[PDB]
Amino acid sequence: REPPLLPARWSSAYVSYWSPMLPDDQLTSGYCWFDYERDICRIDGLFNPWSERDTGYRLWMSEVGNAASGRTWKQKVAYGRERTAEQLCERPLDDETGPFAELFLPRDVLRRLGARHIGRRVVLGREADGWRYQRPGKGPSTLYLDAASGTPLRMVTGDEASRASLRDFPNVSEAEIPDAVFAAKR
(Lines of atoms letter the chains of each structure in order from A and count residues from 1; the text may use other names and numbers.)
(Lines give C-alpha, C1' and ligand atoms only; values in the text may rest on other atoms or scores of the structure.)
(Ligands and ions follow the chains in the order given, each with its own letter.)
Protein backbone atom coordinates (compact mmCIF):
# COMPACT_ATOMS: atom_id res chain seq x y z
CA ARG A 1 0.00 0.00 0.00
CA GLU A 2 2.97 2.28 0.68
CA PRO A 3 4.99 2.15 -2.56
CA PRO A 4 8.55 0.70 -2.40
CA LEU A 5 11.83 2.56 -3.02
CA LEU A 6 13.68 1.79 -6.26
CA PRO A 7 16.93 -0.21 -5.85
CA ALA A 8 19.77 1.83 -4.23
CA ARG A 9 21.65 1.55 -7.55
CA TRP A 10 20.74 0.05 -10.87
CA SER A 11 21.71 0.11 -14.49
CA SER A 12 20.22 -1.43 -17.62
CA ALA A 13 19.94 -1.34 -21.36
CA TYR A 14 16.81 0.59 -22.27
CA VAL A 15 14.40 0.60 -25.19
CA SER A 16 12.44 3.78 -25.77
CA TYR A 17 9.30 4.30 -27.86
CA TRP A 18 5.75 5.57 -27.91
CA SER A 19 2.09 4.55 -27.67
CA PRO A 20 0.42 4.78 -30.10
CA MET A 21 3.40 4.66 -32.52
CA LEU A 22 2.84 7.63 -34.84
CA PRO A 23 4.53 7.95 -38.23
CA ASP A 24 7.30 10.27 -37.00
CA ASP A 25 7.91 8.26 -33.79
CA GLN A 26 11.25 6.52 -33.25
CA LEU A 27 12.17 3.29 -31.46
CA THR A 28 15.62 3.71 -29.91
CA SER A 29 17.87 1.93 -27.44
CA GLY A 30 20.75 2.81 -25.15
CA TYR A 31 22.16 2.19 -21.71
CA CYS A 32 21.54 3.96 -18.39
CA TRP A 33 23.00 3.97 -14.86
CA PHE A 34 21.42 5.30 -11.67
CA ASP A 35 23.33 5.61 -8.37
CA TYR A 36 21.07 7.07 -5.70
CA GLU A 37 23.82 6.91 -3.04
CA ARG A 38 26.00 9.18 -5.17
CA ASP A 39 22.85 10.97 -6.47
CA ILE A 40 24.04 10.80 -10.09
CA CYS A 41 22.72 9.24 -13.28
CA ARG A 42 24.00 8.63 -16.79
CA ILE A 43 22.14 7.94 -20.01
CA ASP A 44 23.75 7.09 -23.37
CA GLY A 45 21.67 6.78 -26.54
CA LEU A 46 20.05 8.39 -29.56
CA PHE A 47 17.84 11.04 -27.97
CA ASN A 48 14.13 10.25 -28.06
CA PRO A 49 12.17 12.36 -28.97
CA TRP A 50 14.39 14.51 -31.18
CA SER A 51 13.12 16.79 -33.86
CA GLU A 52 15.25 16.17 -36.98
CA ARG A 53 12.84 18.52 -38.79
CA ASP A 54 13.63 21.45 -36.51
CA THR A 55 17.35 20.78 -36.12
CA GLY A 56 18.44 19.05 -39.34
CA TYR A 57 20.00 16.02 -37.60
CA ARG A 58 19.47 13.14 -35.24
CA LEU A 59 21.21 13.47 -31.87
CA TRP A 60 23.27 10.85 -30.04
CA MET A 61 23.93 11.98 -26.47
CA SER A 62 25.63 10.78 -23.32
CA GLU A 63 24.43 12.79 -20.33
CA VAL A 64 25.82 12.62 -16.79
CA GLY A 65 23.34 14.40 -14.51
CA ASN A 66 24.66 14.95 -11.01
CA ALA A 67 21.81 16.06 -8.76
CA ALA A 68 24.18 16.36 -5.75
CA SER A 69 26.36 19.03 -7.42
CA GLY A 70 23.35 20.34 -9.37
CA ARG A 71 25.27 20.13 -12.67
CA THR A 72 24.85 18.13 -15.86
CA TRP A 73 27.33 17.37 -18.63
CA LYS A 74 26.36 16.23 -22.08
CA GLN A 75 28.47 14.75 -24.85
CA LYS A 76 26.68 15.18 -28.15
CA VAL A 77 27.06 13.84 -31.68
CA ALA A 78 24.88 14.96 -34.59
CA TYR A 79 24.03 12.55 -37.43
CA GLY A 80 22.87 14.45 -40.52
CA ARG A 81 21.66 13.27 -43.94
CA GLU A 82 23.83 14.28 -46.90
CA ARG A 83 22.39 13.89 -50.41
CA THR A 84 24.93 11.74 -52.31
CA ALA A 85 25.26 9.29 -55.21
CA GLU A 86 22.27 9.49 -49.38
CA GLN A 87 24.81 9.30 -46.54
CA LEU A 88 24.80 9.89 -42.81
CA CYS A 89 27.68 12.10 -41.65
CA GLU A 90 28.65 12.34 -37.95
CA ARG A 91 29.45 15.78 -36.57
CA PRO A 92 30.44 16.09 -32.89
CA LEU A 93 28.72 19.01 -31.20
CA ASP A 94 30.16 20.97 -28.31
CA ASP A 95 29.91 19.22 -24.97
CA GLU A 96 27.17 21.08 -23.06
CA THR A 97 27.00 21.84 -19.36
CA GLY A 98 24.22 23.34 -17.31
CA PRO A 99 22.03 23.01 -14.22
CA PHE A 100 20.49 19.71 -13.04
CA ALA A 101 17.59 19.62 -10.56
CA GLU A 102 16.88 15.95 -9.90
CA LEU A 103 17.57 12.48 -11.26
CA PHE A 104 15.38 11.44 -14.21
CA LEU A 105 13.87 8.64 -12.15
CA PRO A 106 14.12 9.52 -8.41
CA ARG A 107 14.45 6.54 -6.07
CA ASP A 108 11.44 7.67 -3.98
CA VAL A 109 9.27 8.82 -6.96
CA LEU A 110 6.45 6.37 -6.14
CA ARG A 111 6.27 7.35 -2.45
CA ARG A 112 6.66 11.12 -2.83
CA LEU A 113 4.18 11.25 -5.77
CA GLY A 114 1.59 9.10 -4.01
CA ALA A 115 1.56 6.13 -6.39
CA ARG A 116 -1.31 3.61 -6.20
CA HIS A 117 -0.96 -0.09 -6.91
CA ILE A 118 -2.94 -0.85 -10.09
CA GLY A 119 -2.33 -4.60 -10.01
CA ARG A 120 0.13 -7.02 -11.58
CA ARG A 121 0.86 -7.46 -15.29
CA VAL A 122 3.34 -9.38 -17.46
CA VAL A 123 6.04 -6.98 -18.67
CA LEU A 124 9.16 -8.21 -20.52
CA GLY A 125 8.11 -11.82 -19.73
CA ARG A 126 8.10 -11.06 -16.00
CA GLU A 127 5.50 -10.62 -13.24
CA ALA A 128 5.41 -6.89 -12.49
CA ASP A 129 3.63 -4.62 -10.05
CA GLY A 130 2.16 -1.51 -11.70
CA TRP A 131 2.36 1.75 -9.76
CA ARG A 132 0.32 4.68 -11.10
CA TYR A 133 0.97 8.27 -10.03
CA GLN A 134 0.23 11.81 -11.04
CA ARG A 135 2.87 14.27 -12.11
CA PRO A 136 1.10 17.44 -10.82
CA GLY A 137 -0.15 19.58 -13.73
CA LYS A 138 1.72 17.32 -16.18
CA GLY A 139 -0.16 13.99 -16.38
CA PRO A 140 -0.22 10.35 -15.25
CA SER A 141 2.67 7.90 -15.18
CA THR A 142 2.85 4.17 -14.49
CA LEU A 143 6.03 2.47 -13.35
CA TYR A 144 6.24 -1.32 -13.55
CA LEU A 145 8.62 -3.02 -11.15
CA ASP A 146 9.60 -6.66 -11.03
CA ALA A 147 7.33 -8.24 -8.42
CA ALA A 148 10.11 -10.31 -6.79
CA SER A 149 13.19 -8.06 -7.09
CA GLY A 150 11.60 -4.58 -7.15
CA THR A 151 13.78 -3.48 -10.10
CA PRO A 152 12.32 -1.21 -12.86
CA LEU A 153 10.87 -2.94 -15.90
CA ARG A 154 8.83 -0.28 -17.72
CA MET A 155 8.22 3.42 -17.27
CA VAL A 156 5.12 4.82 -18.98
CA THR A 157 4.95 8.62 -19.07
CA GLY A 158 1.40 9.68 -20.01
CA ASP A 159 -1.53 7.38 -20.68
CA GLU A 160 -1.05 4.61 -23.27
CA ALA A 161 -4.57 5.09 -24.66
CA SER A 162 -3.93 8.67 -25.80
CA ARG A 163 -0.22 9.45 -25.98
CA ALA A 164 2.57 8.06 -23.81
CA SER A 165 6.28 7.47 -24.00
CA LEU A 166 7.48 4.08 -22.90
CA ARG A 167 10.87 2.97 -21.70
CA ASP A 168 11.70 -0.74 -21.12
CA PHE A 169 14.60 -2.01 -18.98
CA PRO A 170 15.28 -5.62 -20.13
CA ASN A 171 18.44 -6.46 -18.14
CA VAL A 172 18.60 -4.49 -14.87
CA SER A 173 21.78 -5.03 -12.83
CA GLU A 174 22.26 -3.88 -9.22
CA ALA A 175 26.06 -4.24 -9.46
CA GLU A 176 28.46 -1.57 -8.13
CA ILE A 177 28.98 1.25 -10.63
CA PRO A 178 32.67 2.27 -10.84
CA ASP A 179 33.48 5.99 -10.42
CA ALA A 180 34.70 6.25 -13.99
CA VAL A 181 31.16 5.65 -15.37
CA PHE A 182 30.23 9.06 -13.94
CA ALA A 183 33.49 10.91 -14.78
CA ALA A 184 31.66 13.34 -17.11
CA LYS A 185 34.39 13.66 -19.75
CA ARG A 186 34.50 11.98 -23.19
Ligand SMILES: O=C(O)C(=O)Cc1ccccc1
Second form
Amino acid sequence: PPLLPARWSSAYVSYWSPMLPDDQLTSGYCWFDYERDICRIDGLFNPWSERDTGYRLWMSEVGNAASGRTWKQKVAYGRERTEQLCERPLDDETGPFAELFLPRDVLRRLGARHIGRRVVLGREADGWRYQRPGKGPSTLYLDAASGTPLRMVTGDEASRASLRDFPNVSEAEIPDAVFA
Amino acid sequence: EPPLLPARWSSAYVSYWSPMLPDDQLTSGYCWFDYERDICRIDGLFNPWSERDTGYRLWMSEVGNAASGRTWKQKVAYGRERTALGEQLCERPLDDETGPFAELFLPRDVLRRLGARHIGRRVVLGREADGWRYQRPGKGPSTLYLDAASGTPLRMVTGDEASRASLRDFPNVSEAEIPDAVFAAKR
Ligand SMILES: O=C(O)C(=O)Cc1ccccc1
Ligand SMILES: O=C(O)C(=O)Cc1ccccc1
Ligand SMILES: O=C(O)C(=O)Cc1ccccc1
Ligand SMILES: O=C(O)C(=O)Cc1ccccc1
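Could you please show the structure of the form solved in complex with 3-phenylpyruvic acid (PPY), as a counterpart to the form solved without 3-phenylpyruvic acid (PPY) just displayed?
Below is the entire complex, every chain and molecule, led by the chain shown above.
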Protein backbone atom coordinates (compact mmCIF):
# COMPACT_ATOMS: atom_id res chain seq x y z
CA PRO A 1 0.00 0.00 0.00
CA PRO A 2 1.57 3.27 -1.29
CA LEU A 3 1.82 6.81 0.09
CA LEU A 4 0.43 9.88 -1.64
CA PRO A 5 2.85 12.44 -3.14
CA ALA A 6 4.64 14.74 -0.62
CA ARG A 7 2.79 17.74 -2.07
CA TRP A 8 0.07 17.99 -4.74
CA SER A 9 -2.53 20.48 -5.97
CA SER A 10 -5.23 20.01 -8.61
CA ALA A 11 -8.44 21.34 -9.93
CA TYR A 12 -11.19 19.00 -8.71
CA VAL A 13 -14.62 17.94 -9.98
CA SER A 14 -17.12 16.75 -7.40
CA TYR A 15 -20.31 14.71 -7.93
CA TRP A 16 -22.42 11.70 -6.98
CA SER A 17 -23.19 8.09 -7.95
CA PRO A 18 -25.90 7.79 -8.90
CA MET A 19 -26.79 11.42 -9.68
CA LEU A 20 -30.14 12.05 -8.05
CA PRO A 21 -32.25 15.05 -9.29
CA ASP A 22 -30.96 17.44 -6.58
CA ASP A 23 -27.35 16.22 -6.75
CA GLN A 24 -24.88 18.88 -7.88
CA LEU A 25 -21.81 18.68 -10.10
CA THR A 26 -19.22 21.23 -8.86
CA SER A 27 -15.57 22.31 -9.33
CA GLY A 28 -12.78 24.01 -7.41
CA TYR A 29 -9.08 23.83 -6.71
CA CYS A 30 -7.29 22.15 -3.79
CA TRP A 31 -3.73 22.05 -2.34
CA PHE A 32 -2.17 19.41 -0.05
CA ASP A 33 1.30 20.09 1.47
CA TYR A 34 2.10 17.06 3.65
CA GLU A 35 5.41 18.54 4.75
CA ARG A 36 3.62 21.45 6.41
CA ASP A 37 0.72 19.09 7.26
CA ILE A 38 -1.77 21.51 5.75
CA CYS A 39 -4.39 21.67 2.99
CA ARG A 40 -6.64 24.24 1.26
CA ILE A 41 -9.83 23.69 -0.77
CA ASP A 42 -11.76 26.38 -2.64
CA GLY A 43 -15.14 25.71 -4.20
CA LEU A 44 -18.89 25.55 -3.91
CA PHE A 45 -19.57 23.16 -1.05
CA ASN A 46 -20.86 19.76 -2.17
CA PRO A 47 -23.22 18.53 -0.79
CA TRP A 48 -25.15 21.59 0.32
CA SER A 49 -28.93 21.88 0.55
CA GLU A 50 -30.30 25.17 -0.82
CA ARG A 51 -33.66 23.58 0.02
CA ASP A 52 -32.89 23.44 3.77
CA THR A 53 -30.58 26.42 4.29
CA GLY A 54 -31.94 28.85 1.70
CA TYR A 55 -28.55 29.19 -0.03
CA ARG A 56 -25.61 27.63 -1.84
CA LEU A 57 -22.34 27.98 0.01
CA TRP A 58 -19.04 28.88 -1.51
CA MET A 59 -16.14 28.03 0.81
CA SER A 60 -12.37 28.35 1.03
CA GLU A 61 -11.09 26.11 3.82
CA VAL A 62 -7.54 26.06 5.19
CA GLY A 63 -7.08 22.94 7.30
CA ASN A 64 -3.95 22.90 9.42
CA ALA A 65 -3.43 19.40 10.91
CA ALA A 66 -0.17 20.49 12.60
CA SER A 67 -2.09 23.01 14.77
CA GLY A 68 -5.36 21.02 14.68
CA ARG A 69 -7.38 24.08 13.64
CA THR A 70 -9.27 24.67 10.42
CA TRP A 71 -10.17 28.10 9.01
CA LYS A 72 -13.05 28.75 6.65
CA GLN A 73 -13.95 31.74 4.53
CA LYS A 74 -17.58 31.53 3.46
CA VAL A 75 -19.95 33.29 1.05
CA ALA A 76 -23.69 32.57 0.73
CA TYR A 77 -25.59 32.59 -2.58
CA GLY A 78 -29.36 32.93 -1.98
CA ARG A 79 -32.25 33.07 -4.46
CA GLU A 80 -34.54 36.10 -4.47
CA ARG A 81 -37.45 37.12 -6.67
CA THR A 82 -37.65 40.49 -8.43
CA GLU A 83 -35.18 35.57 -10.23
CA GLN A 84 -31.65 36.45 -9.08
CA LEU A 85 -28.82 35.29 -6.83
CA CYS A 86 -28.09 37.31 -3.66
CA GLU A 87 -24.50 37.21 -2.53
CA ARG A 88 -23.79 37.66 1.20
CA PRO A 89 -20.66 36.61 3.00
CA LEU A 90 -20.86 34.81 6.32
CA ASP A 91 -18.51 34.99 9.29
CA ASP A 92 -15.18 33.24 9.02
CA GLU A 93 -15.18 30.04 11.08
CA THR A 94 -12.61 27.99 13.04
CA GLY A 95 -12.93 24.56 14.65
CA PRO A 96 -11.06 21.32 15.34
CA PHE A 97 -9.14 19.57 12.54
CA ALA A 98 -7.89 16.09 13.46
CA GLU A 99 -6.33 15.23 10.09
CA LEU A 100 -6.14 16.33 6.44
CA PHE A 101 -8.98 15.35 4.08
CA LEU A 102 -6.67 12.82 2.42
CA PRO A 103 -3.88 11.92 4.87
CA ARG A 104 -0.66 10.97 3.03
CA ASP A 105 -0.62 7.56 4.77
CA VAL A 106 -4.39 6.82 4.56
CA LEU A 107 -3.99 3.59 2.54
CA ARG A 108 -1.61 2.12 5.12
CA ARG A 109 -3.41 3.21 8.28
CA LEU A 110 -6.84 1.98 7.15
CA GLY A 111 -5.44 -1.18 5.52
CA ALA A 112 -6.34 -0.69 1.86
CA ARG A 113 -6.63 -3.64 -0.51
CA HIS A 114 -6.00 -3.56 -4.25
CA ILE A 115 -9.38 -4.31 -5.91
CA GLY A 116 -7.97 -4.24 -9.44
CA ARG A 117 -7.42 -1.71 -12.20
CA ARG A 118 -9.58 0.87 -13.94
CA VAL A 119 -9.07 3.54 -16.59
CA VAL A 120 -9.85 6.81 -14.79
CA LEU A 121 -9.63 10.23 -16.51
CA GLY A 122 -7.88 8.50 -19.47
CA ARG A 123 -5.08 7.19 -17.20
CA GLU A 124 -4.57 3.62 -16.00
CA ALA A 125 -5.24 3.55 -12.25
CA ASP A 126 -4.88 1.38 -9.15
CA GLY A 127 -8.09 0.97 -7.13
CA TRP A 128 -7.46 1.00 -3.39
CA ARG A 129 -10.50 0.08 -1.26
CA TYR A 130 -10.50 0.90 2.46
CA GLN A 131 -13.08 1.13 5.24
CA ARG A 132 -13.60 4.48 6.95
CA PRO A 133 -14.25 3.47 10.59
CA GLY A 134 -17.97 3.41 11.52
CA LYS A 135 -18.68 5.40 8.33
CA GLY A 136 -18.42 3.06 5.30
CA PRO A 137 -16.23 1.97 2.35
CA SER A 138 -14.02 4.19 0.21
CA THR A 139 -11.99 3.72 -2.94
CA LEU A 140 -8.94 5.81 -3.83
CA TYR A 141 -7.74 5.63 -7.42
CA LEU A 142 -4.07 6.43 -7.88
CA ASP A 143 -2.38 6.83 -11.23
CA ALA A 144 -0.82 3.40 -11.75
CA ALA A 145 2.46 4.98 -12.95
CA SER A 146 2.99 8.51 -11.40
CA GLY A 147 1.16 7.50 -8.17
CA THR A 148 -0.77 10.84 -7.99
CA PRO A 149 -4.54 10.71 -7.17
CA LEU A 150 -7.14 10.49 -9.96
CA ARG A 151 -10.47 9.84 -8.17
CA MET A 152 -11.68 9.70 -4.54
CA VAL A 153 -14.82 7.58 -3.88
CA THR A 154 -16.51 8.04 -0.49
CA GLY A 155 -19.16 5.33 -0.27
CA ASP A 156 -20.09 2.42 -2.52
CA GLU A 157 -20.25 3.54 -6.17
CA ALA A 158 -22.57 0.58 -6.80
CA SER A 159 -25.25 1.92 -4.41
CA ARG A 160 -24.53 5.50 -3.20
CA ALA A 161 -21.26 7.52 -3.15
CA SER A 162 -19.51 10.87 -3.52
CA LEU A 163 -16.92 11.06 -6.29
CA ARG A 164 -14.11 13.60 -6.53
CA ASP A 165 -11.96 13.66 -9.67
CA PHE A 166 -8.52 15.27 -9.99
CA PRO A 167 -7.82 16.03 -13.69
CA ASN A 168 -4.60 18.11 -13.45
CA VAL A 169 -2.52 17.22 -10.39
CA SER A 170 0.69 19.22 -10.02
CA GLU A 171 3.36 18.01 -7.57
CA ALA A 172 5.01 21.43 -7.63
CA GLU A 173 6.27 23.84 -5.00
CA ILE A 174 3.36 25.49 -3.12
CA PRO A 175 4.16 29.12 -2.08
CA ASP A 176 3.55 30.09 1.56
CA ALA A 177 0.86 32.63 0.58
CA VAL A 178 -1.56 29.90 -0.53
CA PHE A 179 -1.96 28.83 3.13
CA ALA A 180 -1.66 32.32 4.74
CA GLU B 1 -10.13 58.58 -14.72
CA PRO B 2 -10.25 54.79 -14.06
CA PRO B 3 -7.36 52.77 -12.62
CA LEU B 4 -5.34 49.96 -14.10
CA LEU B 5 -6.08 46.48 -12.74
CA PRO B 6 -3.48 45.05 -10.30
CA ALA B 7 -0.27 44.10 -12.18
CA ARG B 8 -0.89 40.48 -11.13
CA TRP B 9 -3.88 38.91 -9.31
CA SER B 10 -5.31 35.44 -8.70
CA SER B 11 -8.55 34.27 -7.01
CA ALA B 12 -11.25 31.65 -6.62
CA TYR B 13 -14.23 32.69 -8.70
CA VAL B 14 -17.94 31.97 -8.57
CA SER B 15 -19.71 32.38 -11.89
CA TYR B 16 -23.44 32.89 -12.47
CA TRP B 17 -26.10 34.96 -14.22
CA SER B 18 -28.59 37.80 -13.73
CA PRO B 19 -31.43 36.92 -13.90
CA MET B 20 -31.00 33.21 -13.20
CA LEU B 21 -32.97 31.44 -15.94
CA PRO B 22 -33.85 27.69 -15.72
CA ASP B 23 -30.76 26.27 -17.51
CA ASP B 24 -28.36 28.77 -15.83
CA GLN B 25 -25.59 27.23 -13.71
CA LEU B 26 -23.74 28.40 -10.61
CA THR B 27 -20.16 27.26 -10.95
CA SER B 28 -16.84 27.84 -9.24
CA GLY B 29 -13.16 27.42 -9.99
CA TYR B 30 -9.87 29.33 -9.76
CA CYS B 31 -8.13 31.86 -12.03
CA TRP B 32 -4.67 33.48 -12.36
CA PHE B 33 -3.81 36.74 -14.16
CA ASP B 34 -0.29 38.07 -14.89
CA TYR B 35 -0.28 41.28 -16.95
CA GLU B 36 3.49 41.66 -17.27
CA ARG B 37 3.59 38.15 -18.73
CA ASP B 38 0.41 38.90 -20.77
CA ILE B 39 -0.98 35.49 -19.73
CA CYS B 40 -4.01 34.09 -17.80
CA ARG B 41 -5.19 30.70 -16.47
CA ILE B 42 -8.74 29.64 -15.51
CA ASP B 43 -9.77 26.22 -14.10
CA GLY B 44 -13.47 25.36 -13.71
CA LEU B 45 -16.63 23.80 -15.07
CA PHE B 46 -17.21 25.93 -18.15
CA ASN B 47 -20.10 28.41 -17.76
CA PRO B 48 -22.16 28.74 -19.94
CA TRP B 49 -22.18 25.30 -21.51
CA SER B 50 -25.01 23.63 -23.42
CA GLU B 51 -25.19 20.03 -22.24
CA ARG B 52 -28.32 19.68 -24.43
CA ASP B 53 -26.40 20.52 -27.60
CA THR B 54 -23.10 18.78 -26.82
CA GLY B 55 -24.07 15.73 -24.77
CA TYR B 56 -22.03 16.68 -21.67
CA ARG B 57 -20.90 19.22 -19.08
CA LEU B 58 -17.36 20.48 -19.71
CA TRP B 59 -14.61 20.97 -17.17
CA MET B 60 -11.72 22.96 -18.62
CA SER B 61 -8.33 24.42 -17.75
CA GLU B 62 -7.34 27.15 -20.26
CA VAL B 63 -4.00 28.98 -20.48
CA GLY B 64 -4.35 32.06 -22.70
CA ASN B 65 -1.15 33.81 -23.74
CA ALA B 66 -1.92 37.18 -25.36
CA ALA B 67 1.82 37.77 -25.91
CA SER B 68 2.36 34.62 -28.03
CA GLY B 69 -1.24 34.81 -29.32
CA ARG B 70 -1.86 31.16 -28.41
CA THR B 71 -4.24 29.31 -26.10
CA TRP B 72 -4.04 25.81 -24.58
CA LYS B 73 -7.17 24.03 -23.26
CA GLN B 74 -7.29 20.85 -21.17
CA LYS B 75 -10.79 19.34 -21.40
CA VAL B 76 -12.80 16.71 -19.53
CA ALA B 77 -16.35 15.73 -20.53
CA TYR B 78 -18.94 14.65 -17.93
CA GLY B 79 -21.76 12.79 -19.64
CA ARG B 80 -24.98 11.43 -18.20
CA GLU B 81 -25.48 7.71 -18.59
CA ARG B 82 -28.61 5.63 -17.94
CA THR B 83 -27.66 2.65 -15.75
CA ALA B 84 -29.25 -0.08 -13.62
CA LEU B 85 -28.52 2.38 -10.77
CA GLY B 86 -30.72 4.99 -12.48
CA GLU B 87 -28.03 7.25 -13.86
CA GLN B 88 -24.40 8.09 -13.41
CA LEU B 89 -21.76 10.50 -14.68
CA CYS B 90 -19.10 9.30 -17.06
CA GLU B 91 -15.89 11.25 -17.31
CA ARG B 92 -14.16 11.30 -20.69
CA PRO B 93 -11.01 13.38 -21.27
CA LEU B 94 -11.05 15.08 -24.61
CA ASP B 95 -7.95 15.92 -26.60
CA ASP B 96 -6.05 19.01 -25.41
CA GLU B 97 -6.86 21.96 -27.63
CA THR B 98 -4.61 24.74 -28.90
CA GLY B 99 -5.47 27.79 -31.01
CA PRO B 100 -5.42 31.60 -31.47
CA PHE B 101 -5.82 33.97 -28.54
CA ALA B 102 -6.30 37.72 -29.21
CA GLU B 103 -6.53 39.37 -25.76
CA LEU B 104 -6.72 38.46 -22.07
CA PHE B 105 -10.22 37.86 -20.69
CA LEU B 106 -9.96 40.98 -18.53
CA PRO B 107 -7.17 43.25 -19.80
CA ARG B 108 -5.39 45.41 -17.24
CA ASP B 109 -6.24 48.67 -19.05
CA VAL B 110 -9.82 47.63 -19.90
CA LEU B 111 -11.52 50.41 -17.92
CA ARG B 112 -9.23 53.04 -19.42
CA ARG B 113 -9.32 51.90 -23.06
CA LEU B 114 -13.09 51.21 -23.02
CA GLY B 115 -13.79 54.60 -21.39
CA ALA B 116 -15.30 53.52 -18.07
CA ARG B 117 -17.15 55.97 -15.85
CA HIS B 118 -17.49 55.81 -12.09
CA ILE B 119 -21.18 55.05 -11.46
CA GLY B 120 -20.96 54.92 -7.66
CA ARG B 121 -19.91 52.81 -4.70
CA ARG B 122 -21.48 49.53 -3.62
CA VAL B 123 -20.75 46.78 -1.12
CA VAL B 124 -19.65 43.69 -3.02
CA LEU B 125 -18.63 40.50 -1.18
CA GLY B 126 -18.79 42.41 2.14
CA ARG B 127 -16.30 44.99 0.83
CA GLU B 128 -16.79 48.61 -0.22
CA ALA B 129 -16.23 48.64 -3.97
CA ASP B 130 -16.07 51.14 -6.84
CA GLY B 131 -18.34 50.50 -9.83
CA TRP B 132 -16.89 51.23 -13.28
CA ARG B 133 -19.33 51.12 -16.19
CA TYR B 134 -18.27 50.83 -19.83
CA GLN B 135 -19.36 49.65 -23.27
CA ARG B 136 -17.78 46.73 -25.14
CA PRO B 137 -18.16 48.23 -28.65
CA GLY B 138 -20.65 46.17 -30.69
CA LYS B 139 -21.40 43.83 -27.76
CA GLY B 140 -23.04 45.50 -24.73
CA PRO B 141 -22.40 47.26 -21.39
CA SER B 142 -20.25 46.02 -18.52
CA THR B 143 -19.57 46.95 -14.93
CA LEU B 144 -16.38 46.04 -13.08
CA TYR B 145 -16.43 46.37 -9.31
CA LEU B 146 -13.01 47.00 -7.74
CA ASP B 147 -12.02 46.91 -4.07
CA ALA B 148 -12.17 50.63 -3.22
CA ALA B 149 -9.14 50.41 -0.92
CA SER B 150 -6.97 47.81 -2.70
CA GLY B 151 -8.04 48.22 -6.33
CA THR B 152 -8.48 44.45 -6.75
CA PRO B 153 -11.37 42.89 -8.73
CA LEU B 154 -14.47 41.80 -6.81
CA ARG B 155 -17.23 41.33 -9.42
CA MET B 156 -17.24 41.26 -13.20
CA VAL B 157 -20.61 42.02 -14.79
CA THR B 158 -20.83 41.25 -18.50
CA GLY B 159 -24.08 42.70 -19.77
CA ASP B 160 -26.79 44.66 -18.03
CA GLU B 161 -27.86 43.00 -14.76
CA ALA B 162 -31.39 44.39 -15.04
CA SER B 163 -31.96 42.43 -18.26
CA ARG B 164 -29.15 39.89 -18.86
CA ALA B 165 -25.63 39.64 -17.47
CA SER B 166 -23.04 37.15 -16.39
CA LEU B 167 -21.57 37.75 -12.94
CA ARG B 168 -18.14 36.48 -11.85
CA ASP B 169 -17.21 37.08 -8.17
CA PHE B 170 -13.66 36.95 -6.82
CA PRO B 171 -13.89 36.27 -3.04
CA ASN B 172 -10.17 35.89 -2.14
CA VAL B 173 -7.96 37.82 -4.62
CA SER B 174 -4.26 37.56 -3.96
CA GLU B 175 -1.64 39.98 -5.30
CA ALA B 176 1.21 37.53 -4.61
CA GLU B 177 3.70 36.46 -7.25
CA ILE B 178 2.44 33.69 -9.55
CA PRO B 179 4.98 30.86 -10.06
CA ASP B 180 5.85 30.21 -13.72
CA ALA B 181 4.71 26.58 -13.53
CA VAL B 182 1.04 27.75 -13.10
CA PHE B 183 1.18 28.78 -16.77
CA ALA B 184 3.09 25.64 -17.94
CA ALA B 185 0.29 24.58 -20.37
CA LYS B 186 0.80 20.81 -19.92
CA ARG B 187 -1.75 18.72 -17.92
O1 LIG C 1 -16.53 17.39 -1.72
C2 LIG C 1 -16.65 18.57 -2.12
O3 LIG C 1 -16.88 18.82 -3.32
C4 LIG C 1 -16.55 19.70 -1.16
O5 LIG C 1 -17.55 20.34 -0.91
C6 LIG C 1 -15.21 20.00 -0.49
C7 LIG C 1 -14.92 21.41 0.03
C8 LIG C 1 -14.27 21.55 1.27
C9 LIG C 1 -13.96 22.82 1.78
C10 LIG C 1 -14.30 23.96 1.04
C11 LIG C 1 -14.95 23.84 -0.19
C12 LIG C 1 -15.24 22.57 -0.71
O1 LIG D 1 -13.01 14.28 3.04
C2 LIG D 1 -13.68 15.28 2.68
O3 LIG D 1 -14.67 15.66 3.35
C4 LIG D 1 -13.29 16.02 1.46
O5 LIG D 1 -13.82 17.08 1.19
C6 LIG D 1 -12.23 15.47 0.53
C7 LIG D 1 -11.87 16.36 -0.65
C8 LIG D 1 -10.58 16.25 -1.19
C9 LIG D 1 -10.21 17.05 -2.27
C10 LIG D 1 -11.12 17.95 -2.82
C11 LIG D 1 -12.42 18.05 -2.30
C12 LIG D 1 -12.79 17.26 -1.21
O1 LIG E 1 -17.15 32.36 -16.92
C2 LIG E 1 -16.92 31.19 -16.53
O3 LIG E 1 -17.50 30.74 -15.52
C4 LIG E 1 -16.00 30.33 -17.28
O5 LIG E 1 -16.42 29.26 -17.66
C6 LIG E 1 -14.57 30.77 -17.62
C7 LIG E 1 -13.60 29.63 -17.96
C8 LIG E 1 -12.65 29.82 -18.98
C9 LIG E 1 -11.74 28.80 -19.30
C10 LIG E 1 -11.76 27.58 -18.60
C11 LIG E 1 -12.70 27.39 -17.58
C12 LIG E 1 -13.61 28.41 -17.26
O1 LIG F 1 -14.72 37.44 -20.35
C2 LIG F 1 -14.67 36.18 -20.33
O3 LIG F 1 -15.08 35.50 -21.31
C4 LIG F 1 -14.11 35.48 -19.16
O5 LIG F 1 -14.09 34.25 -19.14
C6 LIG F 1 -13.56 36.28 -18.00
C7 LIG F 1 -13.20 35.49 -16.74
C8 LIG F 1 -12.40 36.11 -15.78
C9 LIG F 1 -12.05 35.44 -14.62
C10 LIG F 1 -12.51 34.15 -14.39
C11 LIG F 1 -13.32 33.52 -15.33
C12 LIG F 1 -13.66 34.19 -16.51
